[PDB]
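This document starts with one chain, in the form solved without the ligand, laid out as structure tokens.
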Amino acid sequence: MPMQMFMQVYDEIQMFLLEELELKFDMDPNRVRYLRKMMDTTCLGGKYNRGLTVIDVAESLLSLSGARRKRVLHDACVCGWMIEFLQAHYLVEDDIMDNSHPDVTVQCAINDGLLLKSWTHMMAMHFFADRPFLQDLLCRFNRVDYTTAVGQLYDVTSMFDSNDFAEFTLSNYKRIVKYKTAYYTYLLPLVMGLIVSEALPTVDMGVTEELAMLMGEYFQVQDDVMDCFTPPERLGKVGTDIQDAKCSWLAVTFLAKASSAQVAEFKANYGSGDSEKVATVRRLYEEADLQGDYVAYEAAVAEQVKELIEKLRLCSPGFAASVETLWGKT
């Protein structure tokens, strides 16, 4: 029922956006079908964890606050696709970076990125045109998107001086995770699920803001370890954090417990494409017993999570049930 309803609303949103282009933006059929295919390619195929979280939060709040049910659930589905389209927009922006007479494919990728973001506004301004929360919804949505771009700046420049390992600290690693990932992947679906369910001012946002960061941190640490040791056919991609000199959880944890000569060996091999230097970095990670620290670090975060949901249920009980399922996915 959740996934089945989420995909129906996708068809409704897609048909509106495409008919609008045809009827109000003078778009020819060839370009309409081209945009239908681009939308399907960039927005479908993932796991929809951000989008379904909006729905799951919405259904947990109409059970403990007829016509209001069907509307809030439809509003939740539109908000879920707003985040999925936003995620599609961020992924297209990422493809432009690593993919490289006018090059029409790079022009169309940039254009795709702009269209995907504008579509989040267009579907909100339509399906929520008569909702009182539309203005508060756009502001929080626009501010989270801004937060994510700030976090991408922190991430992309963590090894240089904005016109280097000084910013390879655990507090800065959390700053990157917080802004680049946590706010839009964990906080935004929760907040949107509370807005369409009218229960936004009925929750402790501090505990909510704190769980979102901790779940994002838990998720990103596991992602960093898998990027380095999970083989490509099992990970789904080629792990490239060592080559890209990323400020990963492995790197900042290694630097805190490495010897002076080992740090020199790490600094001399990090951020290179050579297969032996990357393997030297993985050798240092293994010999530093970083795996054993990974298990303990996640445990303490999980304890902070499994105990922070309790503060949230003292004043917002139904909310805490959905946050547990979101944590279960992580």
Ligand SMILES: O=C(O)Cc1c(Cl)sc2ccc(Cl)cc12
Given for the second form:
Protein chains: 2
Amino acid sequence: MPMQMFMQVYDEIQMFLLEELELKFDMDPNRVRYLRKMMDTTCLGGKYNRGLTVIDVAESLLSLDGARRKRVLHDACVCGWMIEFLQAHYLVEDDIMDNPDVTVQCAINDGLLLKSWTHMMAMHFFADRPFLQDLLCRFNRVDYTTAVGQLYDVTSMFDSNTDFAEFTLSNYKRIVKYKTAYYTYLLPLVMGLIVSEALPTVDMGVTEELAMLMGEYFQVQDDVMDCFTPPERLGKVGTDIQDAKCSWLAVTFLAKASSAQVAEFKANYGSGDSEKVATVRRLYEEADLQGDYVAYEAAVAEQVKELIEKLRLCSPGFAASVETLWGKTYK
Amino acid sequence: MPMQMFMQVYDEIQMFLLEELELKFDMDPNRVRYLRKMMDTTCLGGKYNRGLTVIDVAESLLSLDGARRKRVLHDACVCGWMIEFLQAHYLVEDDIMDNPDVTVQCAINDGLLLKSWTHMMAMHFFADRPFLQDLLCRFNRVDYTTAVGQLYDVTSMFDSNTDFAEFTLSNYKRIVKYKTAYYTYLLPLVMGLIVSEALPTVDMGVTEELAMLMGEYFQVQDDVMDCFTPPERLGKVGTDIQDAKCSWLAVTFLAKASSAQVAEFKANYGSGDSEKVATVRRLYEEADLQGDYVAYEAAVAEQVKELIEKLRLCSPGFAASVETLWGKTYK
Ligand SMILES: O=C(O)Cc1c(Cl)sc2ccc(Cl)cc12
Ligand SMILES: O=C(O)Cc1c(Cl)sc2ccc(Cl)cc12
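Show the form solved in complex with the ligand, please, because up to now only the form solved without the ligand has appeared in this conversation.
Now the complete complex, all chains and molecules, led by this one.
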């Protein structure tokens, strides 16, 4: 029922958006079909973890009358597609960042449309909901937060706009929090609470802390996999070393390497050269970073498991949905 | 007083946005100063016609108590900077469209921040205004409209996503309406009405029609200047011919050229080659398009002058501000 409902609502949102373009925006069929294909290409195919989290949160909060239920679950699905479309928008923007060219014009246009669609679907489906303004404001603030996170990320290896000054655990956590944790972990949880009209019934502090911790757990595992998981298993080519990213491996290595090992890391980091990437990997391996990875994740897991209990004392149904979100990350 | 007030409010908005980043978003001074410079580079230096239109509309509607006045004029300035920042965002996106590259990453990031800033400044300055929701919805709808206009523009010379099928006056007007007229002419006028709480006191039909007509007048003159005004006088290098744009010159020429002249236009349009661009210019000159330009603009001017009178019958103060907006275009 969750996935089936989520896909049924996608068809509903898509038909609304496309009929609106045809009826109110003067769009010709060739362009409508082009946008149907583009929307399917960019919004479908993933795991829908962000979107499905909204549904899971709402169902927990209404179970713990069928007129309110049907409405809350539909609202949860629209909110879920708002986050999936926001994610689709970020992926398009990232694809331009890693590239009279009409393909680049179309990618920029696609990025703008996908973001505009999050507002169009909200303004329509939640038109007479009293939560519309708060939902829009929290969504916009989270989107802004992500752009700020991207600035921190993209400029991590620079400043005074090659320096390893910002290669610290505190800065790594700043990047993860802003760039990923707010829209991936916090926003789905918050949206599920908004639609359920149960936003003031939860300790936001513990929830924000949980979102940041789960985001941190996810990114550390993501960083390790980028470097060590082979492309056929990973589903992409890992480029963090070449890109000179402020990764968990890089910041952890710099705190435990010797002066000559740091000098060796500095001379080989941020290069496309196969042997320099391999030298970096050798340094991570020899510094027993994969042993430290196990313990770091376990300590984060202990903190997550503890905070869910504090949340469960005042918000039991919500804590079980935060538990399922965690199980999807801990997997 | 208008420009002085507008610039004073810019300093206020800038300091709010930058202090918010420093205090609430964990931003380091080097990045705050970088964003201050980027905001100044992208948002300042223009004529502020869109932003100043908001101020001019508000002042007409409150003159025709100092507590309501001071508030309405400040609100007009924030709305004006929302449109100027929206314009700054479109220009950045256009600059990416005409281009581990950190400069491209930063331009994409700049585009996202400038748009997010329109929401951040609205959510703060209008936090307890009853018009906040309507303002956000009308602004978002206009932004979406512009992205749709960009799709029509960028794909005008294509379809089934080189065809001159879409090189028609009706399609030219569709591009102008969506791509330019809604955010340049309609939005400043609408925002000035919103802040003045005088939105239901005007015939929206005549206003929308005026915005579309002024946008059309502006674009026809802009298209002609792109082709015939030399770069030192124009302030840019005119590239419409090379880019194979659906310009007023191209659509007007195709309706009055002979089969062999159309064949000559088709073989030379959309090329960077100096002699092919010159052949296109020769065709426009020989088809007496600059004679037709004079009459087309005069007919549009007659329609504009007439509709302002209809508007003046029920909304006199507003009509004088629509007259000043028109004088800035007719110049
Ligand atoms: O869905 C993604 O993009 C990344 C992703 C995983 Cl991989 S596991 C997981 C668990 C929860 C959430 Cl919200 C996201 C994710
Ligand atoms: O300001 C611009 O970008 C273009 C522009 C002119 Cl050039 S004259 C004029 C008159 C009114 C408005 Cl709203 C815009 C313009």
